[PDB]
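Asks: For chain d, the structure is supplied; the task is to place chains L, e, l and f with the ligand on it using the hints.
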Amino acid sequence: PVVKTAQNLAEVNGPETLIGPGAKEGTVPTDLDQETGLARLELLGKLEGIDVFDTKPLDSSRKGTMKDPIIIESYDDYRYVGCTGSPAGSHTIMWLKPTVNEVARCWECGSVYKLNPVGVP
Amino acid sequence: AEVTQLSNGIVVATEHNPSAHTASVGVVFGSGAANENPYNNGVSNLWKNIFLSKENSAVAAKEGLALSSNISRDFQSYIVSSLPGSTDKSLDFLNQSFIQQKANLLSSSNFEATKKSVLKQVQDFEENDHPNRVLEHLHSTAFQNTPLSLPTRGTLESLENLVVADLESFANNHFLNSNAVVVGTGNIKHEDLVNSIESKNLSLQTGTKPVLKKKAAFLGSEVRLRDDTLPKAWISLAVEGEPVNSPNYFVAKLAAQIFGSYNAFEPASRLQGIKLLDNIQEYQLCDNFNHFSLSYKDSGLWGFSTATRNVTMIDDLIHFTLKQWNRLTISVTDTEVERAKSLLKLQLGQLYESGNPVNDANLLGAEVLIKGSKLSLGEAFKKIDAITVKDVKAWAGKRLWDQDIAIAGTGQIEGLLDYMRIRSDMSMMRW
Amino acid sequence: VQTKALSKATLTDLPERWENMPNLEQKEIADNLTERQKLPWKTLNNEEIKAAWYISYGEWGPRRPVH
Amino acid sequence: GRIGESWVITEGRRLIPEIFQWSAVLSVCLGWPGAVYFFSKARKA
Amino acid sequence: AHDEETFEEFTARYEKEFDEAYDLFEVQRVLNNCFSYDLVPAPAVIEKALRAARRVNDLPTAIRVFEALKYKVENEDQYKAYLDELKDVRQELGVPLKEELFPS
Ligand SMILES: [Zn+2]
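Residue numbers (PDB author numbering), protein chains in the order written: chain d, 29 to 149; chain L, 27 to 457; chain e, 18 to 84; chain l, 22 to 66; chain f, 43 to 146.
Any given hint could turn out to be false.
Said to hold, decoys possible - Below 25 Å or equal to it, Euclidean Cα-Cα: the simulated DSS-like pairs (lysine-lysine) are:
| hint | chain 1 | residue 1 | chain 2 | residue 2 |
| --- | --- | --- | --- | --- |
| 1 | f | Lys-90 | f | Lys-140 |
| 2 | L | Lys-301 | L | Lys-367 |
| 3 | f | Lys-122 | e | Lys-59 |
| 4 | L | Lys-397 | L | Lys-409 |
| 5 | L | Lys-241 | e | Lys-21 |
| 6 | e | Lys-59 | f | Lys-90 |
| 7 | L | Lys-128 | L | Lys-80 |
| 8 | L | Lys-349 | L | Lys-301 |
| 9 | f | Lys-122 | e | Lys-25 |
| 10 | L | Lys-408 | L | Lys-367 |
| 11 | L | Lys-115 | L | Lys-215 |
| 12 | f | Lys-58 | e | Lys-67 |
| 13 | f | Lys-140 | e | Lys-59 |
| 14 | L | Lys-239 | e | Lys-55 |
| 15 | e | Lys-21 | f | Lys-114 |
| 16 | d | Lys-95 | f | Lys-90 |
| 17 | f | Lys-140 | f | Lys-58 |
| 18 | L | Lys-397 | L | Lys-349 |
| 19 | f | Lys-90 | e | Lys-67 |
| 20 | f | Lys-122 | e | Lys-67 |
| 21 | d | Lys-91 | f | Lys-140 |
| 22 | e | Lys-25 | f | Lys-140 |
| 23 | L | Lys-424 | L | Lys-409 |
| 24 | e | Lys-44 | L | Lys-239 |
| 25 | e | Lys-67 | L | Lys-239 |
| 26 | e | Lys-55 | d | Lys-95 |
| 27 | L | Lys-367 | L | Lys-349 |
| 28 | e | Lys-59 | L | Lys-235 |
| 29 | e | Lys-55 | f | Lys-90 |
| 30 | e | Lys-44 | L | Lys-240 |
| 31 | d | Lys-91 | f | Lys-129 |
| 32 | L | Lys-146 | L | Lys-115 |
| 33 | f | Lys-129 | e | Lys-55 |
| 34 | f | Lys-90 | e | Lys-21 |
| 35 | e | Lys-25 | L | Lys-146 |
| 36 | d | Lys-125 | d | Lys-142 |
Stated by the list, open to error - Here are some chain e residues pointing at chain f (derived, C-beta under 7 Å):
| hint | residue |
| --- | --- |
| 37 | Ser-24 |
| 38 | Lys-55 |
| 39 | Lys-59 |
| 40 | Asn-62 |
Hints were generated in silico from the structure; no laboratory data involved.
By construction, the Cβ of each residue, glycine as well, lies at the ideal position given by its N, Cα and C atoms.
Okay, chain d solo, but in the shape it has when bound:
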């Protein structure tokens, strides 16, 4: 039915809101006009200020054990985490699999990882 086209990142409501209006008869199209879908989502995000697909190496500042873990976020029930010490490069990279129902303990660093699983499946 009625559909507007998500002027910035706040008004997206699925893949039917990323269309946008077409170009006119004479002007060259800008990327704000015609781009649709995931590319339009990334463009609208980068024009708002944020960038989606949050890529960042995880916080290995503190160690963190079972009184207060290292909290990681995932949209699924598991997230593969490669621990590399209490500094950034202390011991060699050991891969752990923290899931929704079990913490992940490093066995060489000693740090633990626990999720706040966002989910919404």
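Replies: Using the frame of chain d, we list chains L, e, l and f with the ligand on its own:
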């Protein structure tokens, strides 16, 4: 006529014979003397004698009850027989002193006296009960290193290190509600029984007994406890038979009834319809023999158990009865089949119908624990008379022709030739 | 003084018994030994120290040899 | 080390039996052409 | 730190790392990370490891210290002159060895 109803927990099974007098209510568990390791063994017999002790039996006798128990190789039973107008007394006694708290039964005076009497009667059984102990050694060497190998009464070496912790652990691990069946024989109707089990709340636990890791596998073996002090020579050999809920069960019992049981001193058992009694009656090769067919939950035995005062001709008795066993596969007749059919019907009728309502309670509890509902005496008779000679020949070729045997002996058994001759006289070269 | 010691028959011959024990009994004597270790160590009997060492460090399960 | 049997002896005891079995496994990982030549008719067998 | 670790910095770092453990995973982890280095640790480290295994209240990691050490040392004279230095801690802590516990 043998009605079974599953309640919230327990399974109730009953049969109402209105002409019998003493109605008998008890609970039959499905964890006998083959659901434990060989180190806490005899805890089932110790539980039976704790339930049958002086304290519990005086409490039951002041109210008008009479306790009973029976430990076997997969089921164990606790039966409180009573007068027919008094079975709610039986039910709430069995609730108040076995199913709920047992702290009156399990303190270290009654347990110490019961353990001492059990030790004395187990060593008296080991010394002075010779055919049952060689049937027990036959079970201990047939299914060895595998949980069906255990002694029912328990051994002496694994009974002097048992305390109340073992009995409490066994009552937590095997006295369950998905493992128990309550039974009623005698003249109680079905619905007053379950009405009284559902009025007062009776439930032991909730969980499930631990499943075993090793199933019962036959291992062809041999053992001999030759004590030449003894005047006789009790040997018993047996092959792997068909277990319970197997299709070849009644043909195994019929093939046992083909050769029957014998007693050399009664003049009415010397005239039977066995072809073996024309071979073993001119030199008097034995005193008695009985062909059993035991069927436990996972496997079972099939063989004869004898006793011989003529200890020089033991191998001739073995050889003659093994040639008679090979006659099952090669040339068994039909008149032997019909004689064994009628005699097996007579024996199962004498077993299932009798005056005592506690044996019927034990049999009903066992065959409702393993099967789910009791098949009647009519359907068993129909399955018996539906057996042709070719079914017996097929079963005998399956389980008796050149199969591995297990031998258990005692007494003066040097005349028993050793194993490979007895093993390879289970198969003849066609005469 | 709260927890009870394991009796002799529940715990005899345990390195020769750990493989064929049911998986409902193994958790029970594992719980019982890991609460028996919370006492002073000298009152732990010499029958169950071998049991604890075979349960936690024996050549079963994960420590099974490749040959 | 400082106190104990000396390191020369306690590593010679570990390694001197290893040299002979190393020589055995190398003499049968490279010396089987000699064993196959030894039985053939070229050595006037 | 890829610069080398002297023996005093080794024993001080690991004593302050055995003092801080609270779970069982932490004690076994720092025990493995102490034993899988090149040197054998002085008994100032290992009596603290025995106390840290006593704090978590489990026995067999206060025995495998001794067997891992017997695998560590170069002969048995070092092992005997070691074990008579941890005599009374082994006495009042009541842990056994292997050769007297499993006679074979
Ligand atoms: Zn790490």
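Asks: Would you mind confirming whether the straight-line C-alpha gap from L/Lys-301 to L/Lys-367 stays at or under 25 Å?
Replies: holds, 17 Å
Asks: Has the given pair, f/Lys-58 with e/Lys-67, been kept, meaning a C-alpha gap of at most 25 Å?
Replies: violated, 32 Å
Asks: Does e/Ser-24 pass the interface hint, meaning its C-beta sits closer than 7 Å to a C-beta of chain f?
Replies: violated, 19 Å
Asks: Is the Cα-Cα distance between e/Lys-59 and L/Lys-235 25 Å or less?
Replies: Given pair e/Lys-59, L/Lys-235 is violated - Cα atoms ~35 Å apart, limit 25 Å.
Asks: Restraint: e/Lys-55 near chain f, CB-CB cut 7 Å. Satisfied or not?
Replies: holds, 5 Å
Asks: Given the hinted pair f/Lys-140 and f/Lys-58, is their alpha-carbon gap at most 25 Å?
Replies: Status violated; Cα separation ~28 Å.
Asks: Hint check: L/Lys-239 vs e/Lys-55, CA-CA at most 25 Å. Holds or violated?
Replies: Distance ~31 Å between L/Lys-239 and e/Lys-55 Cα, so the pair is violated.
Asks: Has the given pair, d/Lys-91 with f/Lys-129, been kept, meaning a C-alpha gap of at most 25 Å?
Replies: violated, 36 Å
Asks: Mind checking the CB of e/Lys-59 against every CB in chain f and telling me if the closest is under 7 Å?
Replies: holds, 4 Å
Asks: Can the restraint linking f/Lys-122 and e/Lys-25 be considered satisfied, given a maximum Cα separation of 25 Å?
Replies: Distance ~34 Å between f/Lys-122 and e/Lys-25 Cα, so the pair is violated.
Asks: Are f/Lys-90 and e/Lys-67 close enough, with their CA atoms no more than 25 Å apart?
Replies: holds, 24 Å
Asks: Just to be careful, I want the Cα atoms of d/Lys-91 and f/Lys-140 compared with a cutoff of 25 Å; is the pair within it?
Replies: violated, 36 Å
Going down the numbered hints, you'll see the structure goes against 5, 9, 12, 14, 15, 17, 18, 21, 28, 31, 32, 34, 37 and 40, while the others check out.
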